[PDB]
Amino acid sequence: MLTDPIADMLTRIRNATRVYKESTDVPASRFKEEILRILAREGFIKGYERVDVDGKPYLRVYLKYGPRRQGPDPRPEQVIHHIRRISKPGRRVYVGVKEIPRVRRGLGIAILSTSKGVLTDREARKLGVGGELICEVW
Amino acid sequence: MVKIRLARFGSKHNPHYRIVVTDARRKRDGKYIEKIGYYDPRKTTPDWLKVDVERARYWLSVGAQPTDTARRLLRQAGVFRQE
Amino acid sequence: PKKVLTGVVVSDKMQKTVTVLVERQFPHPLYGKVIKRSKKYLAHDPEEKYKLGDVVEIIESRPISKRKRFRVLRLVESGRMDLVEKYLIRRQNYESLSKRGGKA
Amino acid sequence: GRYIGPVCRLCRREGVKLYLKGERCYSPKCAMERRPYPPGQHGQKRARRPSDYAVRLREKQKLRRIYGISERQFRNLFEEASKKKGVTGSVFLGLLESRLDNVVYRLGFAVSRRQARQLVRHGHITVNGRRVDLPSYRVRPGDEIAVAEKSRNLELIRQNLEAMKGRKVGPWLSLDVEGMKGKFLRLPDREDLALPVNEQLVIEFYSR
Amino acid sequence: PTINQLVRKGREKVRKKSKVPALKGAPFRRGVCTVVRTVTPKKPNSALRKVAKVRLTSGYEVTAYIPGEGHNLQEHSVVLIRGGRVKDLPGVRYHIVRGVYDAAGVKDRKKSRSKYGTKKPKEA
RNA sequence: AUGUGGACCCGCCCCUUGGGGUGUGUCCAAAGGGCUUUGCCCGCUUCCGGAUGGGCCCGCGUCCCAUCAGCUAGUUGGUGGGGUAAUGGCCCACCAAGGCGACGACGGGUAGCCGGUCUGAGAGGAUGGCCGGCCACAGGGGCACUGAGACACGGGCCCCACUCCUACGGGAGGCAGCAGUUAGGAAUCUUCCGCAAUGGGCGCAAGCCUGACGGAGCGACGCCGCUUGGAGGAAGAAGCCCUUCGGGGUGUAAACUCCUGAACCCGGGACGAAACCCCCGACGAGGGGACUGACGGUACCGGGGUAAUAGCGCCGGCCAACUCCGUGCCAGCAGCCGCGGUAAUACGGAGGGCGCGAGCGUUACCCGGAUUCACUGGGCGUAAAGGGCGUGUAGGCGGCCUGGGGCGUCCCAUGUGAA
Ligand SMILES: [Mg+2]
Ligand SMILES: [Mg+2]
Ligand SMILES: [Mg+2]
Ligand SMILES: [Mg+2]
Ligand SMILES: [Mg+2]
Ligand SMILES: [Mg+2]
Ligand SMILES: [Mg+2]
Ligand SMILES: [Mg+2]
Ligand SMILES: [Mg+2]
Ligand SMILES: [Mg+2]
Ligand SMILES: [Mg+2]
Ligand SMILES: [Mg+2]
Ligand SMILES: [Mg+2]
Ligand SMILES: [Mg+2]
Ligand SMILES: [Mg+2]
Ligand SMILES: [Mg+2]
Ligand SMILES: [Mg+2]
Ligand SMILES: [Mg+2]
Ligand SMILES: [Mg+2]
Ligand SMILES: [Mg+2]
Ligand SMILES: [Mg+2]
Ligand SMILES: [Mg+2]
Ligand SMILES: [Mg+2]
Ligand SMILES: [Mg+2]
Ligand SMILES: [Mg+2]
Ligand SMILES: [Mg+2]
Ligand SMILES: [Mg+2]
Ligand SMILES: [Mg+2]
Ligand SMILES: [Mg+2]
Ligand SMILES: [Mg+2]
Ligand SMILES: [Mg+2]
Ligand SMILES: [Mg+2]
Ligand SMILES: [Mg+2]
Ligand SMILES: [Mg+2]
Ligand SMILES: [Mg+2]
Ligand SMILES: [Mg+2]
Ligand SMILES: [Mg+2]
Ligand SMILES: [Mg+2]
Ligand SMILES: [Zn+2]
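Taken in sequence, the protein lines are chains H, P, Q, D and L.
Under the authors' numbering, the first residue of the first sequence carries the number 1, and numbering increases by one thereafter.
Under the authors' numbering, the first residue of the second sequence carries the number 1, and numbering increases by one thereafter.
Under the authors' numbering, the first residue of the third sequence carries the number 2, and numbering increases by one thereafter.
Under the authors' numbering, the first residue of the fourth sequence carries the number 2, and numbering increases by one thereafter.
Under the authors' numbering, the first residue of the fifth sequence carries the number 5, and numbering increases by one thereafter.
Careful: at least some of the hints might be erroneous.
[Said to hold, decoys possible] Calculated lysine-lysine pairs in the DSSO-like style (CA-CA distance at most 30 Å, straight line):
1) H:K88 <-> L:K111
2) H:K88 <-> Q:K87
3) Q:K37 <-> L:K17
Don't read these hints as lab results, they were simulated from the structure.
Please take these sequences and the hints and turn them into a complete structure.
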């Protein structure tokens, strides 16, 4: 049993990209899917897809990196530089709308879940809604 | 009873009063019921008296009693002018 | 508004009176996490109507005694001795915490 | 003055001409020319690599001495320019330049700010018409700064507004040499001040 | 520590031990000398440091340093003390205010006059 | 006696805890005074409402010690009394055996609480001093009387401790009101003026009372404004200080030339004050009139007019500012690091320099830098830190899908958030 499945997906991604994998299977939950939706919209992933490993259902996540650099260590810049859980089990984090944080003067996002559904910060802000601050990504 | 009186607010040799409603038993500068005007006895500005006859008339109707120079000021703003 | 609380009857042991246990979540002022926290009310039960385990709304009211300042307003969910048992073990524990132990 | 004492010895410490003593500072006699090193016994020696603190100190001294203000008075302005909306650097310089004692020296009523201080403390100056003898008085825009009526023909303000015939006055001030009036049009645009002082450093000093 | 931990146990605030029980933690206590003495410094110093044991109004008997070139303190002098370690003499935590009460000023000093307690000498 | 009306028992209706009607019965009122005297003014009585003030109850918040872990017998609840304006073990009798605690009971320590203050980038930390609000207290401990209200600071009773009176029996006191004295202490003010203003009590009013208050007084205790001068003035006095013996420093500083004119003198001289009151009108609205200033001959205005106090700290690094002499691990300095053992920019003095300036230093305390109790914001292989190991109680935490509820969470409106 994963104690925090969301943290795990965020991590599975973090770990996958640092070795520049092509893709990574996370075991599948509606919620997780709803988050990748955002990642894919904002362009941190090339997109996700509901494969089906070994009997049970996953979300193959297709990753994205920069162009090959030059010098020593060509390895590309990461698109997902950084991706952290904010609220966690046993210390939940809920901002109201006046306190949704601004990630990197907007160069990054913060996914939060609201009663109008899973949204970025700019989205919640427009929609006039706060909620459980899920994570930040930049 | 509840009074309508002056509350001293300026500074040493710089008197400004707040015209106030309050139970007669407060200190003169303590917690009051409602400010309903102000008075600068030096007329240091064009705007040295100010009342709000509506509220002044309200408190009179429930039997606030104004001190002798509060009523003088109230009259001077035509609280009592009935014509 | 007279305050209205909802709770579990955890004591019948009195004449015309029930102990009612009332929880309340809330986020911790400094450290964030949501903390449970509970308090027992003595409530006025003049029909000795409500029984151990019943879940009752309790209402603010004019004093009946020391301690008794609430009356049992209505019955929400009848019977559920889990809560009573939960609460019951908590006081069972108490026995341990002292100066000795063993079989005590 | 407020400092009161050897003036061109500060000229030499800051290493810049400061023009505190009026018109002799234009003559080939101001010490800055043909004696440009600091005061004191060691003033002509190999000067050590000055610390980061030293440089921010001196630039503040450089500014404060040029205006003849104290320091408690100086700090109280900077802090007011801090709390004030806008660029706190050049909001400072505007307040400084709004001091009546300085505005009088800008309108060339006196050859220096110190001589301009005395004319104010001695009631030789009107603002909008009534006497103001407070050198710290803040000139606001719209205000008209006259020579005092019964002063107008002292031996000094005669020969000083005579020098101001044909001379030019800062962009932010008018001036009328006939009746000896002058107006404060606008707080100075930072460009208007030719101030030999990187006020960016002065902000940096008051934040240790 | 986990949040649940920090919720259960606290953090733990601190505690400034007062390096000078001038009991009343006032800024000066008056006291009477009981011993004038001389003390050896420590570590890599040598000299003869002047020192009085003082019995205080704060009900305390403590040892104070006697700052200055020379002093005038005897086994019954009444003195004002003021706090201030002497790095060399362990257990000397307070100074004696020179120029107050039985402790004379400091005979003929031109420089740091406020400390040591001597008036502005007269001159044209 | 009158009964508008109200109170109480019983009933009935509507409400819904003791709210509002209604019937019978019972019970319950009052005070006179003044006149510009038949009809006004000031009072009195009952009831209903308003306004102001308050009692009581509840949710939630409020420091340290667990080297305080168990506590409780009016204890917890019931019935019925008592008591009160009123709920209540508030108190009493009887009955049941409850109540409380690891979400910290009981005990100990410390503390008036808040608006706010200080610090901080913030989150935090610290604090409750002036002013404002609540509470409590009036030599210490009880208590009730009077009353709308008190269990009453300048009211009453008793007990205790002091001081005073005392004819030895007995009495009189209570500045934590304003001043003031003494004691303690590092340290904290005048036995001042005035009721002119504002406010309070009584009076129809005139007025009286008001150490509330409005002022003045002392202390650089804080803040703020201001002065000890301005312009000119040498290749650059004198003394003092260096020196490579040429020079260099203090230094435009002084002297000195001119200019202004703090102090001081003379003259005028306030605002704060227009009401109460009297007249007209009508004792209303409205108009007219008169009286009144502690501060004070002060503020300010005008006329004269003198070049008129500068101090304190620091100069090894951190930290702006270096030279000579004296001193010899001494005398001394010292926030920390460290100076001084005969060439000391660190001691003592001198010259010079730096920083502030009617102030500058010191001590003390608070927050800060201190992500050095880390929520923001830290750690534990060897730096301090994994429990010797397990078991598994409380508790914390919990996989994927659907539905209901809507506690947490979020949103809008609104009330509150006094000064
Ligand atoms: Mg040695
Ligand atoms: Mg040594
Ligand atoms: Mg020294
Ligand atoms: Mg009768
Ligand atoms: Mg106390
Ligand atoms: Mg911090
Ligand atoms: Mg006493
Ligand atoms: Mg008593
Ligand atoms: Mg009465
Ligand atoms: Mg009574
Ligand atoms: Mg009394
Ligand atoms: Mg009392
Ligand atoms: Mg008394
Ligand atoms: Mg007194
Ligand atoms: Mg004494
Ligand atoms: Mg006083
Ligand atoms: Mg009066
Ligand atoms: Mg007073
Ligand atoms: Mg007038
Ligand atoms: Mg009068
Ligand atoms: Mg240096
Ligand atoms: Mg030597
Ligand atoms: Mg030296
Ligand atoms: Mg030193
Ligand atoms: Mg000053
Ligand atoms: Mg901290
Ligand atoms: Mg520490
Ligand atoms: Mg942390
Ligand atoms: Mg650490
Ligand atoms: Mg080891
Ligand atoms: Mg170790
Ligand atoms: Mg182990
Ligand atoms: Mg071990
Ligand atoms: Mg479990
Ligand atoms: Mg779940
Ligand atoms: Mg659970
Ligand atoms: Mg909800
Ligand atoms: Mg609100
Ligand atoms: Zn010059």
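Comparing the hints with the structure gives:
With a C-alpha separation of about 73 Å, the suggested pairing of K88 (chain H) with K111 (chain L) is violated against the 30 Å cut-off. For a cut-off of 30 Å, the pair hint linking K88 (chain H) to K87 (chain Q) stands: about 27 Å separates their Cα positions. As the CA atoms of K37 (chain Q) and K17 (chain L) are separated by approximately 25 Å, the hinted pair is consistent with the 30 Å bound.
Consistency with the previously given hints fails for number 1 only.
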